[PDB]
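Letter by letter, the chains look like this.
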Amino acid sequence: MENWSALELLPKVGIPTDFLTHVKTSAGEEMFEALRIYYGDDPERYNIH
Amino acid sequence: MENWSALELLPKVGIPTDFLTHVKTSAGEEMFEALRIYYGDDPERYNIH
Amino acid sequence: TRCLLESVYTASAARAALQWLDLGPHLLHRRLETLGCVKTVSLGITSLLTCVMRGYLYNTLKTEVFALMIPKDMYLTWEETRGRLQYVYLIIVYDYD
Amino acid sequence: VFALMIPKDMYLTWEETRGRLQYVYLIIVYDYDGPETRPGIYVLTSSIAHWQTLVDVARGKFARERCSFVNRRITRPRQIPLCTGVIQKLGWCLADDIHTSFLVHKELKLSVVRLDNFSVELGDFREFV
Amino acid sequence: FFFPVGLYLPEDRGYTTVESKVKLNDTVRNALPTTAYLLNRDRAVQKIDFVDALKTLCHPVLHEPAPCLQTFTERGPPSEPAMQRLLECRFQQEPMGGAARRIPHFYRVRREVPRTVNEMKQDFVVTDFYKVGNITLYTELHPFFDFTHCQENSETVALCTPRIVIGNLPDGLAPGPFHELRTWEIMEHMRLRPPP
Amino acid sequence: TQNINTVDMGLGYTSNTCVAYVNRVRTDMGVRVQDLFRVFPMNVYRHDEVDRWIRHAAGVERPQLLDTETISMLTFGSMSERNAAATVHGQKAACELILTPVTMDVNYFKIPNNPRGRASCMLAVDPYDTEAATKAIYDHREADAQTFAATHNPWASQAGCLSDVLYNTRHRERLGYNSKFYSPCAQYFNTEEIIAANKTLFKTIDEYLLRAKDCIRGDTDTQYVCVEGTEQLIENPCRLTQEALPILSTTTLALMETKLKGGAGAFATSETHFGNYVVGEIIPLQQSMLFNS
Amino acid sequence: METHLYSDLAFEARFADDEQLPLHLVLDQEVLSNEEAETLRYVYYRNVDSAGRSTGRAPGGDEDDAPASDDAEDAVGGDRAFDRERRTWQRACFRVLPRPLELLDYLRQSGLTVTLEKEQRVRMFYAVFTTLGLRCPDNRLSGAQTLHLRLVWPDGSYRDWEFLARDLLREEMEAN
Amino acid sequence: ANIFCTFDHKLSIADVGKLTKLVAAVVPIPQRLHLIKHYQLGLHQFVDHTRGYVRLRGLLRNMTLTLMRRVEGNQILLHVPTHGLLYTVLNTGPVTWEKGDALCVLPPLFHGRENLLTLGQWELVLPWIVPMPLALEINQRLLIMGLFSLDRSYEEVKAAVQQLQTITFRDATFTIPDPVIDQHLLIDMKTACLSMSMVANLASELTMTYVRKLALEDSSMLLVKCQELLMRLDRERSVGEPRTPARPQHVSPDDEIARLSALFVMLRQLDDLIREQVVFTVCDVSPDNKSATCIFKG
Amino acid sequence: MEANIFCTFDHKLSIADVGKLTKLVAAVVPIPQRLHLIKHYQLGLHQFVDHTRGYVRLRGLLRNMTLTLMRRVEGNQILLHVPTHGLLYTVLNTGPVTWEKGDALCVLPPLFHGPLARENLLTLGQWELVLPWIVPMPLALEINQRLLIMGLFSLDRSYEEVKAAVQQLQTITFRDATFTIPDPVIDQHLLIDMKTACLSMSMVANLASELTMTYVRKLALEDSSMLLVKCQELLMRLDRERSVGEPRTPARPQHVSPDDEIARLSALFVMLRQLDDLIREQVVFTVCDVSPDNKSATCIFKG
Amino acid sequence: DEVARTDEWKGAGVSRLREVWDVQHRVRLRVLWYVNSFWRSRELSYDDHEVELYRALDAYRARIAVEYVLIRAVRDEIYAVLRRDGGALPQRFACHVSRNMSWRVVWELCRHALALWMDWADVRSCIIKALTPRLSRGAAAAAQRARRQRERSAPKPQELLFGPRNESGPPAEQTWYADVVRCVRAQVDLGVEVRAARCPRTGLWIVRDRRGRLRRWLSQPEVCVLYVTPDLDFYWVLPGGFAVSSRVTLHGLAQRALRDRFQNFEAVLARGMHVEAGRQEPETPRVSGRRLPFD
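Protein chains in written order, with the numbering used here: chain Z, 9 to 57; chain L, 9 to 57; chain Y, 142 to 238; chain D, 7 to 135; chain B, 15 to 210; chain A, 9 to 301; chain V, 2 to 177; chain H, 2 to 299; chain R, 17 to 319; chain C, 386 to 680.
Because the hints were derived from the structure by calculation, they are not lab data. Wrong hints could be hidden among the right ones.
[As the list claims (entries may be wrong)] For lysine-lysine, the following DSS-like pairs were computed, each having C-alpha atoms within a straight-line distance of at most 27 Å:
no. : chain 1 : residue 1 : chain 2 : residue 2
1   : B       : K35       : A       : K207
2   : A       : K100      : A       : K188
3   : R       : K39       : R       : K234
4   : R       : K318      : D       : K95
5   : C       : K395      : V       : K119
6   : H       : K214      : D       : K67
7   : A       : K269      : B       : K35
8   : A       : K100      : A       : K118
9   : A       : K100      : B       : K61
10  : A       : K207      : A       : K221
11  : H       : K159      : R       : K234
12  : A       : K211      : L       : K32
13  : D       : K67       : D       : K95
14  : A       : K188      : A       : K221
15  : R       : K39       : Z       : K20
Bound conformation, chain Z alone:
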């Protein structure tokens, strides 16, 4: 399974994103093959092992 914490830590490229519809609508209507959504602040990325 995809490890989202690695994406969360590693440097990223700044992009102007363009979803035609609302992001939560495209995600809820299952546009993307794999998806992770969390609210607030998730401590998962901090426990490097």
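Using the hints provided, position chains L, Y, D, B, A, V, H, R and C relative to the given structure of chain Z.
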């Protein structure tokens, strides 16, 4: 479970081994976890992916 | 095992093969011709199989040699200690009940 | 926090191998078999913290008083019995903390049970039939 | 550590190698041992008798053979062809009304009968009772109880029955000479050492 | 807090230990018998008068109800047997009794042997061969490996024996018992543990080092099974070898007096005087080793 | 002895509909073994009149009076007949005393007073206390009435005995 | 925990002065939320002519309780108390508290309209905080008074309800409103009374059969006592009828299931009534007695 | 008192296992004893799970266990936090039940969910981590009520007639989800509960006054509505099963007495509370926040 | 205050203790009479007119005969079919035979065996054990289903190619009950369970122990065996596998008598039973005298 191909391909540091008993007796009597034995020449190390 | 691999082959083509096999009056071996062992697959509505008919089983670079798989109920040996070189045969035997 | 003193007669325990953590309860039970009523007073120590299970084992112990309660109801129709008994939780302490002691005051000597490092967590007067 | 108490050494092969070192006065209490002597944590002498064992021996578990019978029946009768002769006995209740008159009718038919397993135990000597040649060992599970397989309703069933008296122990585990010596012990206890 | 990681830098065993010196006995080396009424508190005789009479004839008191599942979850095992008023000889080594026929071979006790009457050491059996192990320990149609007899105690050697149902923990669990009490017999009669222990050589050595260790509370008059912490495990070589050792025992005071009167090395030899005998200690423990210190 | 008291009260409450009067019994090693007494599940009883007709069936007969037909597909009037037959048995309360006792001494240990014409003691290895109902619809009861007793064990096996009212009631009814 | 309440109406200085007198009152909120409008304070949301005491009690169960802290020019600050700590609260009830009392929260039965803060058809109504015995007594008095409602034509029952309305509690007397208006009872009180009567009626029928069912398994003395009690009840109840009550044995499964389920669903209705909610414990009370210090038991 | 509890895994952990554990942070795990150090064998319900033993036994065992919150998987060590009464905590819901703001939660053994897949949490050889279901009060109340009803109905009946009724009783629908109670068995706990219920019902029948008995009949004569029709259906079926008696009109009250009614109603409420205690579980969390994905909530812990 | 019924029940006590035997004098039980029973207050009448007792005894006789009339029906059917075919009977069970054997003596032994079986047959014979499952409620529906499966038409190609599996037929191995009668020492074993299968090479029957071992009493000259199948077909087999075959008719008995004599019991829910049907039972709820009672 271990990546034996990586062990075969990567460089290694040479040491004089000091098994008390015969090495095949140590293997057969399960001195170690994660044992692998093969005879002759096994080509599986050559298929990198 | 019969139940298991009967549940596996639940397709129209396999059932057609079984009906054709049992339908006629000939013995089984008269209806069969052996081709060899397969080593590839490209899946689709019609699949393509490549089969060897004289030689070893291996991939493109010979980096891996393939075995021959026999279901356990069909395997047969008649010697206690095996000779160094073994020949393998296919047997079909008829019980006249 | 404090220490709790209990006389020998008022103390009872049903488990004979005390758990590490002990909860204590105050139990009063009414016996209606006599012409008057005899409320027995007890202080109970048990490892059970869940109130319902303790009530079930107490009902198992005091079955005679339950039958007496029903008999009081039938014998005197013009009178309404209160209950079988009430149980209230107040406290928790460790098994090693429990000791037997004697007390001398006003020249009288009494045998007492003490809970040396008692912690007070008072519950509710809950009644059970 | 493990140590025995109460063993009976074979009288037919008795010997001594300490004759020049000890002498015991001729009493049965010396002859038949009942006591074992041990050393303490200090090098002091300590003693054990059967009376001290009562905390163990009197418990009901020793006298309850139900688990033994359950184990005996859950594993079936032996399949070895040499062991089949043990399974052939059948026992039959029948009325006592005409028994005396019917006695000749039983012998009227000249057929021999299978030998019961308990009877087969009796002809092993004390030393080869424990050898692998003793077929009956698979039934000798409890000192106080008897076990056997028998034919009932053309099936094979297991029967468990208590030995009421010590005399019923197999000869290989309690021979006749041991019983005679034990009687001498009882008589000596009753001051009948020279009997009337 | 500081956490430590260790890496072992040897391809074989790179460290050795020996038991160099001993100076004490924690237990009394006594002859007091195990109290079965403690370990099996639920059982009673069917007739009440005979129950009262039997309990009075022995030293035991009224039967007691085993605690329920929730209580057992919340608490620890019951320590039913109280401490004594005074303790001179230390912890009580409770003797457990196996009933044997009077004709059992006396030479059997003169060497280290399984008290069960049959050999059950798994190092003799092929590893992971369950059927061979069961046949070795239980099949009385197969000669015993140690002595080549069928058994030396038919009442203890085979499945469903009296001693088997007494001491095998499976049957004990069936009967209902107080698990807090330590049992010196349990190591021999626990068939399933012995069968499972049948591994390869180095696996069995690792099991012996790590897990197959006894653990007994050291602060009470009677041997209770320890809690698995704050008490370090006790090495028990008899667990691996599946044998018991012979202790100095004698049948009459004359032979004990002779042993005490003799010089060094007297405790080792075994002697017979018609119906009486001595069995000598296998190692010079009692004679010298405890009192040299 | 609580079973007898409860059954007496229950039969008193039901008498107007059932017209069954209570009959209190004690069972010991003369009727069942120790294992059977320890493992007993249910006790059932059935009332049979002088003509051999069970109480639970229709007064004027049933389809069951017809002969059986040997047809496997018919069984024997299978489901309907099974339902009719099961309907005639009735379930009774019981308690087991699993240890040896003296009956009169046991009764006196309870609150009961005992005053017999002859006070001979009776000793039993175990006791099963149960109450059966005897049917008296007319407020009359005929000595030819028969009563059945059934004991059922967990494996579903059962044992049956039957008694006729004369042996149960000859002197007791003449006394009242 | 801080909660901010804002007024979008137009307060005057008189309104502020009337509001500041409630500095330590208990204010219920429909839900815990950081910033709320003034419409959600108090019980004014729920009031309507078709519902009464029972509905308000049920609603007050699930609401969250807050205390007040003094005011900004336009905004109210509310404090959610934590369990086990001690706070100062205002005595809004009709009776005087004293040390050791356990305090319950109840919907207000009457007012005085003396100091209502009204802002355009909205007004701040606060619940009563009263000692547990008073809450119990008035709750069960209202429940009894509901049952008498259906036959109030007789003079003796009118005298009974007259006696039932008046209540005295340690040197305080007041009159409880009559739950029946225009010879009719509101729907919530009607359902409460219907549920309790149904529970009693169902129990009277089902208890004997379940006594028999349990006695078949074991026949302890308690079941004998229950059997005797039910026989006495049936005998006394049937004294006005001929023959027998004639309860049968061959009950259909669906009828039994429906009866048991009905008994339990009727039991679920009463669970709001049978228990009082006790959330406070007064340690110290001022001599003025209009305020006190209490420990929060929520 | 011990606030933080250390648990040691006696089994070597892979990368996937520690990933699962760090995903599981803030879940509710029950413990048999409030010790300072425990083995991983003691975690969860697996030490107790046993089919052919029933639901009520597991319910009782779980009710006696102590609850902890999980955090800090730190390389073969996990730290469990025992919550304190009245404080605010974040809770992760691992079950399929839908939480909502403001409701109270109870802990119960897991039910059987529809898709039959279940799927495992960590699985260390033969050991498996199985967590209880944290469920809102109405669903727990319904489960207990239906379990008791099934026990009372089933006794003395044949399997044939109980088959359909039990199949109907076992199925729960709660907030657009369907669950089934997995293993009901008539047991000692259920029998003593039934005995207590029977005693309470007998006392309720004995205590009820004449006017609380006759109130429903008076309404049926005076009023008509769907609710009253539904009640009258049950009462009419009972009466007709008893006798051919037509609905008798009640009489004039004979002895009006407010004090007698008050005392009698107080006794009735005592008995009703006793009957209610059989089915009402202990509240352990009160929620006031919820994530829109219904994966976690902010809750106040109640002992 | 009033007095409880339990108090007066206790104080009034008992005064009777009487032993009562069953009609066939197999079992004895004791009856207690309480002087406070509500039985006393009723106005009860009692009479034992002789004709009613005579009729009751006749009905009781009819109840007993139900098993023996069925056994006699099997016997006279055996004789009838033996007369019908003139004493010539075919081999039906697999066994090797020799022409040199003196078959006259085995005929005589068969006659002795018939006499002995008729002398010893009892309620626990194979006939009653074989017919008893027929009385179970599921039996009729199962027979209807079996017939409907047995005579359905051959599948067309469509259903073979598409859809469900083929409907499975009955298993090849059946369960029978048998009565074994041995002459050399008089011994009859009633109601023995056996497994029957039909040999492939020749369509004869082979009988085996429930453990799988071959039953060998075809080879023993002194024993004849009676088999009964769940279809109520019976074979009377003398050694060598030669058998007499017929059907066990039972239309000589009313449905009520057979049914109320030995319809099988069916349980009701009680302590320890799963509410769901067919589940694995926990331990049996024994009450014992070896242990302290749980309370």
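Hint-by-hint comparison with the structure:
With a C-alpha separation of about 51 Å, the suggested pairing of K35 of chain B with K207 of chain A is violated against the 27 Å cut-off. The straight-line distance between the Cα atoms of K100 of chain A and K188 of chain A is roughly 15 Å, inside the 27 Å bound, and the hint therefore holds. Restraint check: the Cα-Cα separation between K39 of chain R and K234 of chain R comes to about 61 Å, which exceeds 27 Å; the hinted pair is violated. Using a Cα cut-off of 27 Å, the hinted pair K318 of chain R and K95 of chain D holds, with the two alpha carbons roughly 16 Å apart.
Proximity of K395 of chain C to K119 of chain V is assessed by CA-CA distance (about 20 Å); at most 27 Å being required, the pair is judged to hold. For the proposed pair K214 of chain H and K67 of chain D, the alpha carbon gap of about 24 Å is at most 27 Å, so the pair holds. Taking the CA atoms of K269 of chain A and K35 of chain B, the gap is about 11 Å. The hint holds against a cut of 27 Å. With a C-alpha separation of about 25 Å, the suggested pair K100 of chain A and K118 of chain A falls inside the 27 Å cut-off, and the hint holds.
Restraint check for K100 of chain A and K61 of chain B: satisfied, since their Cα atoms lie roughly 15 Å apart, inside the 27 Å limit. For the hint pairing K207 of chain A with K221 of chain A, the CA-to-CA distance comes to about 17 Å; that is within 27 Å, so the pair holds. Note on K159 of chain H and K234 of chain R: the hinted pairing holds, with a Cα-Cα distance of about 18 Å set against a maximum of 27 Å. Proximity of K211 of chain A to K32 of chain L is assessed by CA-CA distance (about 15 Å); at most 27 Å being required, the pair is judged to hold.
In summary, the hint linking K67 of chain D to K95 of chain D is supported, as the alpha carbons are separated by about 18 Å, within the 27 Å threshold. With a CA separation close to 16 Å, the supplied pair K188 of chain A and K221 of chain A stays within the 27 Å bound. Proximity of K39 of chain R to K20 of chain Z is assessed by CA-CA distance (about 24 Å); at most 27 Å being required, the pair is judged to hold.
The structure fails to meet hints 1 and 3 from the earlier list, while all remaining hints are met.
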